[PDB]
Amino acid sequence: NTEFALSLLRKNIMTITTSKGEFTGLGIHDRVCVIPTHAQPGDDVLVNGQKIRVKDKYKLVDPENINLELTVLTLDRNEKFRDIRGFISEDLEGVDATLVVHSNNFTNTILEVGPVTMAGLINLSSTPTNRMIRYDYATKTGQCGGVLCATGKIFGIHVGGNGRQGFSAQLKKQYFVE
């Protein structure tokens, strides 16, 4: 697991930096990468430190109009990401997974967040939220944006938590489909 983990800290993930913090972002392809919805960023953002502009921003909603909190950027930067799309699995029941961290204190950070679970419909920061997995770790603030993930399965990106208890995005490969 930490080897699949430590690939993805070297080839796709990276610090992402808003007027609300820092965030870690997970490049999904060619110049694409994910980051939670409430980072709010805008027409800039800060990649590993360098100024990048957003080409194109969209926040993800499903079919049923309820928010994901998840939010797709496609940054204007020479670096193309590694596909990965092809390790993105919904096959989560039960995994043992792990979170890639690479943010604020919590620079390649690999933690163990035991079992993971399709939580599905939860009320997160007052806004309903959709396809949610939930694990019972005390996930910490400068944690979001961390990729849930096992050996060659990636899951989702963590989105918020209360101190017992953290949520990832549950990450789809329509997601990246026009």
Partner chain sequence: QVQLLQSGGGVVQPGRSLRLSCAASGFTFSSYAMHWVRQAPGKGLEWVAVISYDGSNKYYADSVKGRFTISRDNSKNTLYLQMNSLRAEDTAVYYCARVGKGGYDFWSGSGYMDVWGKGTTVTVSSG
Given for the second form:
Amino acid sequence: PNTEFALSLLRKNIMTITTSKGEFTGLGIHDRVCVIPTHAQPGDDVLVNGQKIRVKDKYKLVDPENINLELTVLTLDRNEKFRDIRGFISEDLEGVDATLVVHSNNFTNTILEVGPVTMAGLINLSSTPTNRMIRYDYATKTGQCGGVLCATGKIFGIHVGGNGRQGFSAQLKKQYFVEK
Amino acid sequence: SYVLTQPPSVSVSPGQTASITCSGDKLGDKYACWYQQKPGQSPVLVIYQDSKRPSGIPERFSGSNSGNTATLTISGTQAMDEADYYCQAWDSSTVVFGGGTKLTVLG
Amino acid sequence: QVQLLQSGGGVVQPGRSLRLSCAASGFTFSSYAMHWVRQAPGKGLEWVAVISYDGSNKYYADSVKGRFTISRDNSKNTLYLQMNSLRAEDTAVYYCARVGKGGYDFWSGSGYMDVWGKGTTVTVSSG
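Show the form deposited with its partner chain bound, please, because up to now only the form deposited without its partner chain has appeared in this conversation.
In what comes next, the whole complex appears, and the chain from above leads the way.
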């Protein structure tokens, strides 16, 4: 029933990004800047919705204690700029009924109602300690990495892992990006 | 054709745990849901998105999905649970029902 | 309050057409994909067809593709399955069902089915 924001994201900001590790959902933030899970390990080029695009720059986010945050910020060598969604990034997440918007592998155009979310903090994510993790009790799937955790007019984070009973997103913060 | 397999029948006495499975290639990478159908009635959703219970569905029903197999467990089976149970898988390209399992509750 | 009221069906001669219909009430019909699912006598549930929430996408099971059409009227909260070129193997109870909002693909209409109609019996008078 409440899909307008997710559909808007899918139409202007959410992509399928292919690396040598496979397909991931990716989120364009502003300009030519997008995010993908760090374990996607993007190379010098990626596929964006199937089209080969050179990676102008990339870097992995870590916190001030050098702990993995599991987000990699990519700058794409493409002319088109993303619709600016920096103003929707929200840390206002405790107890909100959130949605995952997925566009990769066998879950394209996919909207998941993951329920209330909370900050879990530090998690052992596939043997890498990872901070600023947001948790939901929902069954997630191998093909959904990169899914955008959001609510109406709010973007909370990016899905990066799970175990079939609980899923985890890397928190997105406005401070990760050029101020808008 | 993507095929989902279920055992034809399960039988338990009241209070026992009943376990009904459904299997298919990489089912654990798709979502599994479960429907209960009594004679002459429409199916009723009892488990969705692997493990969630709709409101009004008794807590004795639980679900899991991993590898190639989804499992519906009835912990403390009741006489009124006698019915056919159908698993259904979905992903972007998939909506498929398993062949069904007849659950008899007796003695 | 949430209701899928089905109508149509009956005995039909092979090769002919029959329309099944469903009137939806108690929810925002235009927001949901809808499926038809059928069950032959003493057999299991079989997916038949899907139509996406706005009617723009339609898919059919191999068994009915090229014969049946699915359609919807989001102003009159109605869903239709037009069954054409009927064959003995189409004999079944036909249910329509709503795709639940807990998790779904809004483009293909794939998902799980959280509300079901009572079912409509279609018997094709052929061996």
